[PDB]
Structure formats: C-alpha cells, structure tokens
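Letter by letter, the chains look like this.
There are 2 protein chains.
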Amino acid sequence: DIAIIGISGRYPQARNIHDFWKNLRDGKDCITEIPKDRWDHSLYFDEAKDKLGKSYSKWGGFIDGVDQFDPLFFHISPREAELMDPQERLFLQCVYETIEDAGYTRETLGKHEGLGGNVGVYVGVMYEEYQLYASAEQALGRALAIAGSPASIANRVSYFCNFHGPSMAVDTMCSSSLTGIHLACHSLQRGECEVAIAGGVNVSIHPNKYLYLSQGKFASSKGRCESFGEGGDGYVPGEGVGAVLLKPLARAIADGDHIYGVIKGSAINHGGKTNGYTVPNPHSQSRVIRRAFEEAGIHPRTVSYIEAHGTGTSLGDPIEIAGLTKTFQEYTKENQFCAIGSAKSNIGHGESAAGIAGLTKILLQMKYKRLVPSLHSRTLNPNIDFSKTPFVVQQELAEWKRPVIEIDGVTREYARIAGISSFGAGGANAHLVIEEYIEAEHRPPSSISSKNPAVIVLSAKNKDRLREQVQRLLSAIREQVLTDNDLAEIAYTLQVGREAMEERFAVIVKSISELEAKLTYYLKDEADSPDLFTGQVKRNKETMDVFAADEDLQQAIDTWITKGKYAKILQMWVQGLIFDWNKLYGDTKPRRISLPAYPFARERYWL
Amino acid sequence: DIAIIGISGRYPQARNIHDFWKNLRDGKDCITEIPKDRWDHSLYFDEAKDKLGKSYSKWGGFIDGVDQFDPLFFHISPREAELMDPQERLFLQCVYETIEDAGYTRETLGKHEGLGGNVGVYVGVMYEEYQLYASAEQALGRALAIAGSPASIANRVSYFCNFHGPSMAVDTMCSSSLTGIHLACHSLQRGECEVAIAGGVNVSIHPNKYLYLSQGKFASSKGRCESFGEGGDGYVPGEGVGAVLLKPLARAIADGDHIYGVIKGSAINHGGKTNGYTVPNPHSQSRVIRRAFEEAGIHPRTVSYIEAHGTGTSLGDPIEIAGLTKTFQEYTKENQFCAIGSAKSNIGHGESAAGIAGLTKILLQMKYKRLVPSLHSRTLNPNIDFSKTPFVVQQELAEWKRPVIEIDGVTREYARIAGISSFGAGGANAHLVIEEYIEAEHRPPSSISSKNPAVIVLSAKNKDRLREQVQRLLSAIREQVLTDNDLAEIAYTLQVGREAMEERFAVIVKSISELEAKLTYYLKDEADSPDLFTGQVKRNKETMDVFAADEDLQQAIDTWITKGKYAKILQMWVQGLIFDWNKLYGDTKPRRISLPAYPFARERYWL
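In the order they appear, the protein sequences are chains B and A. If you use the deposited numbering, the first sequence corresponds to residues 1593 to 2199, in order. If you use the deposited numbering, the second sequence corresponds to residues 1593 to 2199, in order.
Hints should not be assumed to be uniformly reliable.
[As the list claims (entries may be wrong)] DSS-like cross-link-like pairs, simulated, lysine-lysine; straight-line CA separation at most 30 Å:
id	chain 1	residue 1	chain 2	residue 2
1	A	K2175	B	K2055
2	A	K2102	A	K2055
3	B	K1959	B	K2181
4	B	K2175	B	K2053
5	A	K1865	B	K2175
6	B	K2053	A	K1641
7	B	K1814	B	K1641
8	A	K1703	B	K1865
9	B	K2053	B	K1993
10	A	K1959	A	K1620
11	A	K2053	A	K2160
12	A	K1614	A	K1959
13	B	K1614	B	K1959
14	B	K1703	A	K1918
15	B	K2110	B	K2160
16	B	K2160	B	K2053
17	B	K1865	A	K1620
18	B	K1620	B	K1643
19	A	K2053	B	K1865
20	A	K1865	B	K2130
21	B	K1918	A	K1703
22	B	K1628	B	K1641
23	A	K2133	B	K1865
24	B	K2130	B	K2116
25	A	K1628	A	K1641
26	A	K2130	B	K1865
27	B	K1703	A	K1865
28	A	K1865	B	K2133
29	A	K2055	B	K1865
30	A	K1641	A	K1614
31	B	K1620	B	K1993
32	B	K2155	B	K2043
33	A	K2043	A	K2130
[Said to hold, decoys possible] Restraint-style ranges between C-beta atoms, simulated for each label pair:
id	chain 1	residue 1	chain 2	residue 2	range
34	A	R1843	B	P2036	55 to 63 Å
35	A	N1867	B	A2068	34 to 42 Å
36	B	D2172	A	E1922	32 to 40 Å
37	B	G1783	A	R1843	21 to 29 Å
38	B	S2067	A	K1641	46 to 54 Å
39	A	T2075	B	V1871	45 to 53 Å
40	A	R2004	B	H1704	32 to 40 Å
Just so you know, the hints here were simulated from the structure itself, not pulled from any lab data. No residue lacks a Cβ here, since even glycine has one placed at the ideal position from N, Cα and C.
For reference, chain B alone in the conformation it holds in the complex:
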C-alpha cells in the first residue's frame, strides 16, 4: 500500500495534467510533424525503405519548449545551463512542480530527520543524444565537451533539494519508469526512504533516433500513430517528462495530503530466449501480471480497466492479448467485463515516459470518474477476436461505473481497480496494479466566518512572476470551480506549501467572490487600496535582528493572532519576518489540495 500524493508531467500539446486530461477526453491525436526548430528534416526523407534512415520521418509527439529554463531560480549560471541536459532541466522543473502540487516544501518534505530529509529519487531514461552534437562539432573542428552520465538527472535534483536518500537512474527498454516505481516502492517498504520521487523522461532532439528506428523495422510507415487494431505495423516515438511522489498510505492519511491513488502491487521480469531478439514472450507476460496481482491481493474479476503497452505493432498486440487472457482465465472464464486502451494512440511512444504517462492517464480517469476513448481502434485486428477475450476496447467517453459482481455466491460492489503494463523491446517487462482511495469521513466544521477570516499570501521572485501566479490562481479558481468551502484548504496550501520569496502579496478575504474581486483589482494597475499588502524582503534588513533576537515580540505576535488582528502581522510578514503558520491552526488541521505551481521563466539556452 503505497499512496500517490502528487504528480506532474509535460506531454505533447500539454503543459499540465489538466490540459492532458482535456486532450484525452476530447479525443485529440496530439501527433504532428517535426518542428523546424529542430533539425531541418528535409535531408533524410525518401518515402522508401532504402538507406537514408528516414521514410518514417514527419510523425512524432513533441513537447513545446524543450530548450526553456529558469536557471536563476535554481542558482545555476547561464554558461552551466547551456550545457546541461534538457532532460535534466525538465526533470528538475517537474520534480519542483510535483512537490509544490503535493503541498509540501523541500524544507519540510520527509524532513523528519533533522538535516534535510531522507527522500529517494528514481528516474527512467533510455539514452542521451545531447553530447552527439559535441561529437559532431569535434569532427567538424572547434572543440566542445558535453558529457552524459544520466545519473545527473537525479543527482542534480537531490543536490538542489538537499535530499539524503538514494538517487539512481534505472534503464530498462520502454519500462524504466515502471522499474523505478518498483524500486521506490520496495525501498519504502524496507524503510530506506520515508518519501520517494519516481519518474521518467524522454526527448527527441537528434535524427539518429529516427535513423535507427528506420534501419531497424520498428517504425510505423506513414500511419499517423499507434493503432491498437486494423493492421498497425509500428509505433511513433514521442517526447514526454513526468514525475510522481510516493509515500506510505498511513503516513499520507495522517498528514492529510490529498491522495490520487494507491499502488497495490508491482512486478518486473525478463522474457528470456525466444524465436529471435525483440520478440515478446506471452508466458513471461502472464507470469509478471500474475505475480503483480498476487502481491496486490487482487482478483482479476474485480479489474475494470487495463492499459496495455500498445505500440500498434503487428506482432505485439495478439501476443499481449494472449498473455492477458491466459493470466485472467485461471480464475474467471467470463468475457467482456474489462476495458483496454492506451495513451500511446494519443501522445505517441515515450519509450521512457510511457509508463508514467499511462499512470497519469489512469489517475486522471479515476479522479474524473470517466473512461476516456481510445483512438484508431474503430475496426480492430482481424487476427484476434475479442469475443472470447475478457477485454473490450473503449471507443467513447463513458462513466466509469463502480463494478458490482457476484463471486462464489456472494454479491459485492468492488472499488475501481486498474492495471498498467509496459514491455520492453529487449525483453524486460513490468506491471503495476492501482486502486482508488476512499475517504472515511468528510466534513469541514465551518472554519470560515467573521471570527477567523481567510488569509491569502503569494510569493514570487519578481513582479512579473507574481502577476503570472495570481493570474493562474484566478483562472484555476474559475476552471476547477472552487468554492468558499475550500478557502481554508487553499490558505493552508499556500501558507505551508510555497516558499517565501522576494516579492510578497497578502490579502484578507471572506468569500471566494471577494477573493476573486480583490485579485482582479490587483491585476488592474492600482497602487493604494485597502486590504492590499505588497512588499520585498531584501530592501529591508535593519530590523531583521530586531525581530529575530527578541522574544517579547513573539509574545506580541501570539497575542495579536489570538485577537485576530491579521493586518499588522501581514503588513510585516510581507516585508521580512519568519512566521510559523502551523500554530495559527490550533487543531482540526485542514487537508491539502492541488493548486498551480510556480510559473518558471522561459529563458532559452542551447549550444
């Protein structure tokens, strides 16, 4: 029982999980031609399978802004950033976004150690194609040295966030993210780490990838993308970066963090010797799925949705279906009781982030309570008939009904269990089982009233960043339909889940409508207005000692907080004082919620 308390990711035509969900439910094939920002793309295309390495050329899912970073926010020189892997940059940003989404600060995440916290980091990456530019430059002349060591992608994260736990970069073909989650979960069970950060990353920036994908017949001709049925003969590579935060279920419940799902079981293996290399083994797939389900203590009859490795390959889909059918028929002989689909039909093939993307899709589906359509499964493979299999491919958006079944003379309404599979080209295979979280009790004791008004504080490094942050908060309060009953939750998340920074903005509000009105008024260029607090921290330094080496001022702060006079405390917190927000809540701690993260800058940095 390992809970998920935070997730983030950038995927093609989607900067956030919310945009990803919008594209998923709208059924959008977010796969287009290669941008001109990357290689010219006209040197290698020939429309025939002869020796150029292309002819599977203008089809790939790409994330906008791969060369965008805010190195200053991380205390990194521009000269260092220009030569640090974009995978590393993007993973660092995604980990920070995930930590912010979880409602935890780097200085209080797993911090129950006294020196910085025992947090593990696991990242799935296959290859680095950034130093290949250095090699090309060396061959042409000049001199340049980019080195790889994909361990940096996690070591830099652990160094910046000051984590004291294991930091390793696993590597299994097309299953690195699932293997990383496997290892992180086992570390959590053993107690090596109190909290973990698992994830994966992949970006396509050098044509060598496509050249190899064509030299080997792993490409997908002129088809738009993966097709789970009807004569699919390849897969379309895609970019993608993602991360998820893992904590034991009991600790998450006690701390009150919002939980997306629970990873009940996990498994990995290798197929072995087959009739050639890069040929999957249905027996091994069945065994790994079997062991995952046993470790999870789950009856397959209770499963409702399973995400498959997909790839639309001619000789991967029937084998995967056979393995699933064999490992499901052992216990139940019923048919057409489960749904099957893949996010690859939407976003392409990450090859390292495929597993994390599928996990994100499953979590979004389980949060919005709606099964999402698949793509290109209109006709289905003629080779295999789904009538005998227990799987029916989902084609349209539908309510994910809570399963109700009858086993062994007993009728029960089981929860929403789901499965995800990821099989590597080399032979490595991985599987995860997931289940939804059911809250025990849910009631806020009317904590908002004239006796205790809501305090809203936002901190950033500049004026533009603060403006973007407030814009995003307003847009979120609109698009996620937030109410005045989750005002204390927003206040707590913003108080003890966002680092204090140079520029600070604070207001006292009563209703959500008043909050929105004051935020819009601030967006309008007005200087002097009531209940508006704005300030810096570095312009003022003479009174730092005055309020740092004095305890009677702390007693005055306690008295003012008891009285409810938040105006002065905010007027001087916006300036410079450390403030324990936790003691503001004597008891009945409010839970955390998802809010927009820091709007990093978009500075360009390339060789």
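The hints should help you fit chain A onto chain B, whose structure is shown.
Showing chain A alone in chain B's frame:
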C-alpha cells in the same frame, strides 16, 4: 548473508583474476600511455590548461583487446557484432566466464523453475561513447546508426542465457557496481531472484571523455596515477569490466559451490546540498558507513582492511578520512588498528568498475591471506595526520593476521572482516561490508582408487579451441599446484559445469601425474593411442534415435557404470549421447572448484 560463488573480470594488463593478483602482489603500476590503436592522440596535447581539452593526455589504464569477440559462439552475425557495444560484448563474455568459474551451466543455474531459471542481472555503466562515431560519420556525410540504451548490456546476456529475472542497468556516478550489488542483494532477500549476477563495465574509446575530464578540473596533471597521499590533485581514468555471482549462503553451502566471501551489509545514500557541486559530505559518508555496519551487525573494532574511494584528489582524501574516523570513533577510540588502501593506485579509475575491481582485490587478498602493498603512499598527506586516525596505509606485502582483540573484558579472535567504499562525483555514495567464509568440515573419503578411476572430459567447438583449453588446464594444474586429492573435484566441475560441444576429448586417469603425462602426449601430434577418446557430434546422426528412443540401452548403461567399464561409455559419449553425470556419484557429492573457462576466439569487429 549473501555469498559469492563466482567472479570474473578483465582489468588493465590482466586478462584474469590470477594475473590481476600477480600484478597486485608484485606492486605493478599498470598504467601506460594511450595505445595507437585508439585515436591518434597527438591532435589534442598541449602541456597547458588552455582550451584543447587535453594536457591530461597520455595517462590511463587500458585493457588489451577491447575489439575482440567470438560472435559465432553466441550465434550472432558478424554484421550485428560490428555494431554492438564492446561493453555489451565484454560483459557477455565475462558473465559466461563467471558462470563457468562457479561450476554452473546456464541450463542448470537457478534452473529449479522448469523453464530456464529465475536469475537476475544487474550491470553498472555510466556512459556509451560508441554512437558518437555514428554522429561523426553523419556529420561528415555517409549514414550510420549506432544506438545506445545501456540496458542492452544486460538484456542480451539474459536473452542468450535464457534468464527470466529482472535485468536492469543502474547508473550512479562511480558507484554503479555497488548500487547494482545493493539491489541484487535486496532482490535475493525478498525472493524475487534465486540467483543474481552483479557487475560493472567501463571502456574509454572516444577522446570526449578526456576532453571533458580536462575542461572540468577533475584530471591528474602529469602525475602517473592516483596518489593516496603527498599532493595528489586528480585521478587517472581506466578501463575495466567485471562480474560476480550471488546466491544465498545456505543454498551455496547445501549445493557445495566454492565460496569466495559473504556480503554482510550494504548501504547507499546521497550527500545533499553542499558548498558547491561535486563536493563530498563527510556526514553522509559517516551515515552510510554506519548503516552498512549496523545492517551487517559488525563492530568496527573487528575490521582489519578498508578499501577507500581514493582518486588521490586534493579535497577528497581528508574528507573521506574524516568521515571514516567519525563513524569509527563512536564505538572505539583506539588508533592504528586497521589498514587502508586502494586498487586505483594500480589500475587507475574505472568509474563504473571501480567497485567491482575493489571487491575482486579484497576477495583475492582474503583468499591468498596476504595484504597487498598500496602505491604512491610513501610520504602521505601533510594536511591530515594518521596518528589520531584508526588507519595506517599499507606499503608492503604482509600476512593478513587473524585479528585478536579484547572488548568489554572478553578476549576473542574475530574473523577477517573488510570494508569497501565508493563515492560518486554527483553525490551518490555506497558502501559494502565483507567477511570470509569458514568451512565446517573438510575431508575427502579417498574417493580415488582402482575401483573408481577419474574421468576427464573436455568439450569445445573446434580443434584449436580444444587445444587451447587443454593447454590452459595443464598450465593451471601446474601454477595453482593442484594435487591428486582434488581429482574428483576437477572431474565433477568439468562434467556438470561445462556444456557439451562439437569436439569432445575424454580420458581415464589415476594419478595427477598420469593426467599431465597423457595431456602432454595429446598435445604432441599422435593419432592412435590407448585411453584416448576423441570425436565429433554432428558427423554422427543415424544412431541418435537408436540411443534416444531406447530404454534397455539405458539399463545397459547403468549396468556398465556399476561394473566400472567407463571405456565404452566414453567411446560413445565422445560421439553423441546425453549422459547424466550426477547419477555416477551415488552419494557424498564432491564440491566445485575454480578452473579455467572457455577460451573465446579473438576475432576483430569494429565500425
């Protein structure tokens, strides 16, 4: 308690662990100038730290024959081999050599599964610099596509050997091998794998490595190699490949496999935020060593030898010594009771195989019962004084005396415990604790006599390979001073630890001297002679069904074996028959011993 039952490795100026031990005990600095087979090496040298990337140029440990392979033995086309990573080739060869050394066949290693065996594979590799040639070719014109994915290094091994367990390639800077051993040991404890193969690999084949190592001030000026003391300011990179076979101690004892050592405990972590990147944290080092020793249940007072990360860096050695001193002073305040050294002063800096090389050095020292001299530690660092520390650097070959101490009023003669540390540049740190294996009882019941003569069988794929194998066996029987009391052990190892192949040679022998005489006579070109059996397997195929679909012949074989008439059974095993050698030994199973492995061919294959 995880036992070691087999090891292999190729290191500079050493094709085998025996040559490695010879060079270690002789105190040989096996670090020389870059061979002309690799890059020209005269393009980048300038003797000054200005912009060419060299000026730390002609100093590195290299393994002879990095482009040598026997693809036919592995059923791989020459065209495939020319474009498969030399790291992958060398690791495959080393894994086969390790399995052969352990006295286990691929078809009987962890084979208690019914379909091929649940064996795990873990490999430590930092970077692949082989596709950089493809990039250079692309830039210059033409077209070529080598792709990396260092997971292949393990996936190919698992596919060839038909293993059904996890196969992953970890990546931590300069600690990948130790992290792999960590993960393999925990998998063994959890039961995911019954047997494991851990290892590491590194080869230097592209100048970009040295260019980066100079651009960053991680190089070692004009000094020959690492210097643990007296003004060392860098490290010298080196090539190296190695592997070790891991099994639980009880299973190894029951199966009778020879055991090198026992891994009592292991630990890994990350330093965190320090005063800059690539700066070690003594507190983190102390904590990881602490946790390793607790997991091992070992009192540091009982430790006798500890291998350090070394690297001779100006700002790594005092910090490592401080960490070790802090984590050792907690329990004991005594000084100069332990020895410290590094194999890096001999073989350079593997950066992925450093840990496996140190483990090999420790195992060889613990087998030959002799502490080996360090190198370049004549004067020692003036900054740190070893008088207060519990460590004295070993400078000459000496007997590794069994420690005898007095703790808490109780005097005891403890075993030979040892430690090994490996710290990464990024911040990842790892530590292992090792202890020797003490046999309970040791006596052969005079199993060799006229009533049961020794049977010696050797199989290879050709005549030249068989000739080399017999030459190596004779040279080994001479150089390891084997007697006539370990004739049954050799017979069993050769019978149930070597795959039957096309060319087979069999003899019946009584004394070791007679064995050597017959082998030498065979080396001499004679055709017809007594007690000599030679044959093929594929020239004869008509009687295969005759002896495969007949059981009365099996009864005749049993009767002949009972009678002791081995001549006919060998005369026809040399031809084609499967034979269960195990039933030849009714009881009192003989143990396995280390013998030379298959002499792979030296075919050259490069871009």
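Discussion item. If you test the structure against every hint from before, which numbers come out violated?
Written reply: 1, 6, 9, 17, 18, 30 and 33
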